[PDB]
Amino acid sequence: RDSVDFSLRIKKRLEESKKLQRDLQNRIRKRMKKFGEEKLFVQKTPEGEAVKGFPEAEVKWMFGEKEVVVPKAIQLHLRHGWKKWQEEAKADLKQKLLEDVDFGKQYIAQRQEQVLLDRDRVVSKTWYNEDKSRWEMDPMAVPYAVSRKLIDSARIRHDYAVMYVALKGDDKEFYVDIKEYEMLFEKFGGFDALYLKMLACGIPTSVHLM
Amino acid sequence: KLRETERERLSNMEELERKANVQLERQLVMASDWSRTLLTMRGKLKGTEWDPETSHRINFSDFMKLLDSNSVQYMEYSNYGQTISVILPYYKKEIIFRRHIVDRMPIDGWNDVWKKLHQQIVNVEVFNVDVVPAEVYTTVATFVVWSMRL
Amino acid sequence: XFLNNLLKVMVXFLXXXX
Amino acid sequence: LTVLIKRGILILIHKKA
Amino acid sequence: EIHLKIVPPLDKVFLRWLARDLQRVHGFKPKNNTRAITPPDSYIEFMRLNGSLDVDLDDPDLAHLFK
Amino acid sequence: XXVXXXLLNXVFXXXXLXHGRXXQXXXXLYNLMXXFX
Amino acid sequence: XXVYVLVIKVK
Amino acid sequence: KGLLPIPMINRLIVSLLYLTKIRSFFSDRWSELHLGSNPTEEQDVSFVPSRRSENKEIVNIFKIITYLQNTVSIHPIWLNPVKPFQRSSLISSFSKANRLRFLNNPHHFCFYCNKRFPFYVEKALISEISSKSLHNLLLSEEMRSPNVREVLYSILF
Amino acid sequence: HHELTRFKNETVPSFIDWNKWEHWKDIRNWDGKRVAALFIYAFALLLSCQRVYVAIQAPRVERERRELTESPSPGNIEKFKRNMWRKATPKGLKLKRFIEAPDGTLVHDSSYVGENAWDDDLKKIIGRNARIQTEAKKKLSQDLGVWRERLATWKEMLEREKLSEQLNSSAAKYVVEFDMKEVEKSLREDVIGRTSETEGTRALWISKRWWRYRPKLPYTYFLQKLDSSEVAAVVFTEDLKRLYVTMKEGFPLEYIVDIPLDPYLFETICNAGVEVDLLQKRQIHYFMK
Amino acid sequence: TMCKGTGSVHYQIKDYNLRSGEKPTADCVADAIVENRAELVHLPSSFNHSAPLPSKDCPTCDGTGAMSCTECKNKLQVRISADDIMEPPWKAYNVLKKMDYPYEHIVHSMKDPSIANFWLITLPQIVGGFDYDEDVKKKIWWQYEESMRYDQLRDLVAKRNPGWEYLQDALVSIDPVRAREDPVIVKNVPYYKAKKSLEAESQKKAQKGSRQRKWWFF
Ligand SMILES: [Zn+2]
Ligand SMILES: [Zn+2]
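Line by line, the protein sequences are chains C, A, L, O, K, N, M, D, B and R. Convert by adding 377 to the 1-based position in the first sequence; the result is the number in the entry's author numbering. Residues 91 to 182, 195 to 252 (the entry's author numbering) are what the second sequence spells out, left to right. Convert by adding 7 to the 1-based position in the third sequence; the result is the number in the entry's author numbering. Convert by adding 140 to the 1-based position in the fourth sequence; the result is the number in the entry's author numbering. Convert by adding 13 to the 1-based position in the fifth sequence; the result is the number in the entry's author numbering. Convert by adding 3 to the 1-based position in the sixth sequence; the result is the number in the entry's author numbering. Convert by adding 2 to the 1-based position in the seventh sequence; the result is the number in the entry's author numbering. Residues 106 to 113, 132 to 144, 493 to 512, 524 to 559, 1011 to 1057, 1310 to 1328, 1343 to 1356 (the entry's author numbering) are what the eighth sequence spells out, left to right. Residues 119 to 189, 198 to 247, 255 to 279, 290 to 432 (the entry's author numbering) are what the ninth sequence spells out, left to right. Convert by adding 110 to the 1-based position in the tenth sequence; the result is the number in the entry's author numbering.
Chain C on its own, in the form it takes in the complex:
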């Protein structure tokens, strides 16, 4: 009886998801019929080289001479509501942090302890290579410093072989390599994902040739 009702609830939820998908596609068609006529077809993969674990059969939707991709429906509506909940939680915490003062100083002190521990952890993993006499740090812990906005600025060499990256509260431009970085991270994107992560977070990088 319990599993039967669980099955019925799952059926109703997927029925609502399919109905939302149908009405969203109807809205998409109504909104963008102003441009051209539909050319729905399953375009067979012309690559023949997708050994990178990439999907096949790129569905090419043309409304006339234009391009458009069919989107998800219920996933977007969940993301909108959850982003809204995130924003209202931030607003509530901000308001209760300008109303309260004691928990305000406790909160900033806890964040100071967070930053202190993060700095100690990220600077426990460096060395000074006296042979070539430069401040060298494990490139592995570099995205960690990227995730916690620890990177001040990055100067990228030509031909994308090595970096010179500054740290906040410090005056050293550390020398960090890329070849072993991609040798270690060939499965998550590597330097491409790294560069697009400094570009997504707006970390200032300068292209220089030496």
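Treat the hints as calculated values from the structure; they're not laboratory data. Among these hints, one or two may not hold up.
Using 25 Å as the maximum straight-line C-alpha spacing, the simulated SDA-like pairs for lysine to any residue come out as follows [stated by the list, open to error]:
# : chain 1 : residue 1 : chain 2 : residue 2
1 : B       : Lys-324   : M       : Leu-8
2 : O       : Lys-155   : A       : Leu-114
3 : K       : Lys-18    : C       : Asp-479
4 : R       : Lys-248   : N       : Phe-15
5 : R       : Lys-207   : R       : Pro-223
In silico contact screen, one side only, chain D against chain K (beta carbon under 7 Å); selected entries [said to hold, decoys possible]:
# : residue
6 : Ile-493
7 : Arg-494
8 : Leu-1323
9 : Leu-1324
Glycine included, each C-beta is placed from N, C-alpha and C at the ideal position.
Using the hints, position chains A, L, O, K, N, M, D, B and R with the ligands against chain C.
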């Protein structure tokens, strides 16, 4: 008290029995090795699986068709898995074993192939090759053949 | 730049020689 | 051992002979 | 200073799938006449662990003006 | 019978795996690629 | 037969 | 460490959690795992015991062979019912069980009595900077060590 | 072959298309050929089921007829099996036995002696040891100065239990269960507590006794030998083509094998728990090549 | 890859231009096919379809399944380095580095709280000589409990509780790449449903026959 001496003496004979048995096992397996490498050289193993004859080659699709039906069970290996030859029985009642070198095992079947190999493999014989005496013999024999011609 | 200020006011002191 | 087929192909082989 | 190039020597197909899945997960569609949806305890717990609901002390609106 | 309360809201594809950045970061990602649209 | 750890048969 | 990935180190957890089945976008977990780990828990190679072991083998050979001759002849022409459970440490059995779930086959090399073995047992500087900026190295596409370069140069010599 | 290709291309796809289930579920339009196919399936199932009934029930009646024509306390026997099972398996390793019933359901064997082996409850130090012959036992007992029906009955019920366990091992599956506090204890005991003085003394042996001899060993023998954990040294060649072991019993102590490359070699080498080192050369050994 | 190495792809007629005056008959489709007036498309065998389409040999692989790399060109098919006499261990590592050392034999044992807790938290702390942090363990366990959901719903479907088809749509919705491969998800629900009722009718008819055969010998 002396029953403990009985127990320890039977423990000694048990341990020595295990030692003799593993000795006999190792003696048997090197004896089989010497028997194989001796009986192959008189032509008595010719036509058998250990010393088969060359026939038509086999492609990749035929090879996984052989492997999926658990047919190929005696295999010869060379050069990092770039060359694998399959040995199969053919009805001649005489039953004769034949060699077919499989064509272009492409790059990367191994993660599945060794997944399916271990279920049907009974005996591997890899023909690992030396390089320096081989080249020495090749150049000396080339001089010998051309000197004999001239 | 708030994190930069907080990192500036309590600068690190470590060693680790290599 | 390593055969040289024309148009420059080096084919690896079994043991020898 | 800060500079950039619209023509990087990076990979191509990975950028194609990055952009396509970015369009597929967001598109352009916003919404305003909607209410907040309460997440499950799993989602809330993981976002607490990543500190997403950590409030904006970085901005100088009123968060860091008093301190 | 314990996970099913959350799994019913977790059968909704996988948004938590989809969410991996901020809103402003995603906006910058959207605006900073090429001008094909 | 092989090895058939509890969670294959229990769940 | 690249031959036996198990340390008999943090790549283990990433390999068993994330890598086993597009972008996946998540490299921060790796760093958060390894850097979120605080360690809180004689160069002399002795040659004597490995020399004494084979002498002990030499001593045992006499009795073993005499017992074998006295018992067995040759002519010219229980426990848990899985064998890998025997005579190993407990963790050897714990890690063998993950493999023996699918790989039950021991390959069974106990049979030798074919036609191939007749015998049977009987148990009883103006343009230099322009040249610098000109050169196209932006795509690497190579994918070692400098001493390897040394021997390559010597071999080319 | 010419007709076989046309068969595979047209008939079987159209056979499934006719046997498709968009019209099968509607019972009001079932054609005669559909009913003929239904009868074919029913007759095949009847044939297979009756055949397997007869094939399964035949050896049972065979053994019943064999028993009909052919025709020291139980606590002590259970304790003797307990002592042998304590001797055999390490602590922290339980084995449940399920019996395959004729109907098709796996039943739990609660009387398996692998279920409660490690759980607690002058002459008997000898009665719990069947590892020495009765002739030697009697010859030694006379030399001790001190019942043959007891050993006879022990032998008889020993062979009875042997034949019963041989019978019950035909249609059965087994499930292992672990005792992780004991697995963790063995971990602390023999993995971080492995204090053998042979830390890296495996390859320099090869380098020193280059002037020894090693004969050839097979592959599947090496796998089956490593599964039972009789190997305390595995020393690779740099190019994944050769092996030099230093084995713990027998003569000669060191062999040669050659290896095809499979991950499960790493898996079995680590599952046995064997020390792994690396034989590193100079450059001059590769430079005179 | 387009046959997934099998060498037998499914040939399908996508669109057929029918002459004005006929019906969509399989014979007229074949008549258009023998004159090549129907769209012959090749589909990989990876897409498990409920109807077995006509499987013909793959035009790309010539029945082999192995393709030479077109990036490797004939002019650049040759090297000049003495690699065969001087094979180093890095060639052994290069052929080694694409077989992945299967984690699946332990991962399919990790569907249990005790085993996955031992492998996931404690054993690295023991061998390495360190300790985790609280948020690290929490994120590990949270992502693991997110990962276990697919085989949870798989086990729920496999019991064949009434209305398992809704749970089966849940299975195909939570994670598609694993859902396209498992045999536990039947492609056509009415097919297996009426095949189950047909097998039931078959087994009762079999027992009635096996019982009525016993009343002719007395
Ligand atoms: Zn093909
Ligand atoms: Zn190529």
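| task | Using 7 Å as the Cβ threshold, decide whether D/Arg-494 counts as touching chain K. | result | holds, 6 Å
| When you check the alpha-carbon spacing of B/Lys-324 and M/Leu-8, does it fall within 25 Å? | Distance of about 18 Å is within 25 Å: holds.
| said: Tell me if the straight-line CA distance from R/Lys-248 to N/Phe-15 falls inside 25 Å. | reply: Given that 25 Å is the threshold and the Cα spacing comes to 23 Å, the pair holds.
| query | Between O/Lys-155 and A/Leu-114, does the CA-CA distance stay at or below 25 Å? | reply | This hinted pair is violated, its Cα atoms lying about 33 Å apart.
| message | Just to be careful: measuring from the Cβ of D/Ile-493 to every Cβ in chain K, is the smallest value less than 7 Å? | response | holds, 5 Å
| said: A closest beta-carbon separation below 7 Å is what the hint needs, so does D/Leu-1323 meet it against chain K? | reply: holds, 4 Å
| Straight-line alpha-carbon gap K/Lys-18 to C/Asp-479, limit 25 Å | violated, 48 Å
| said: Hint D/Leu-1324 vs chain K: min CB-CB distance below 7 Å? | reply: holds, 5 Å
| query | Do the alpha carbons of R/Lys-207 and R/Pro-223 lie within 25 Å of each other, as the hint requires? | reply | Since the Cα atoms of R/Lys-207 and R/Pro-223 sit roughly 32 Å apart, the hinted pair is violated (cutoff 25 Å).
Of the hints listed earlier, those the structure fails to meet are numbers 2, 3 and 5, in rising order.
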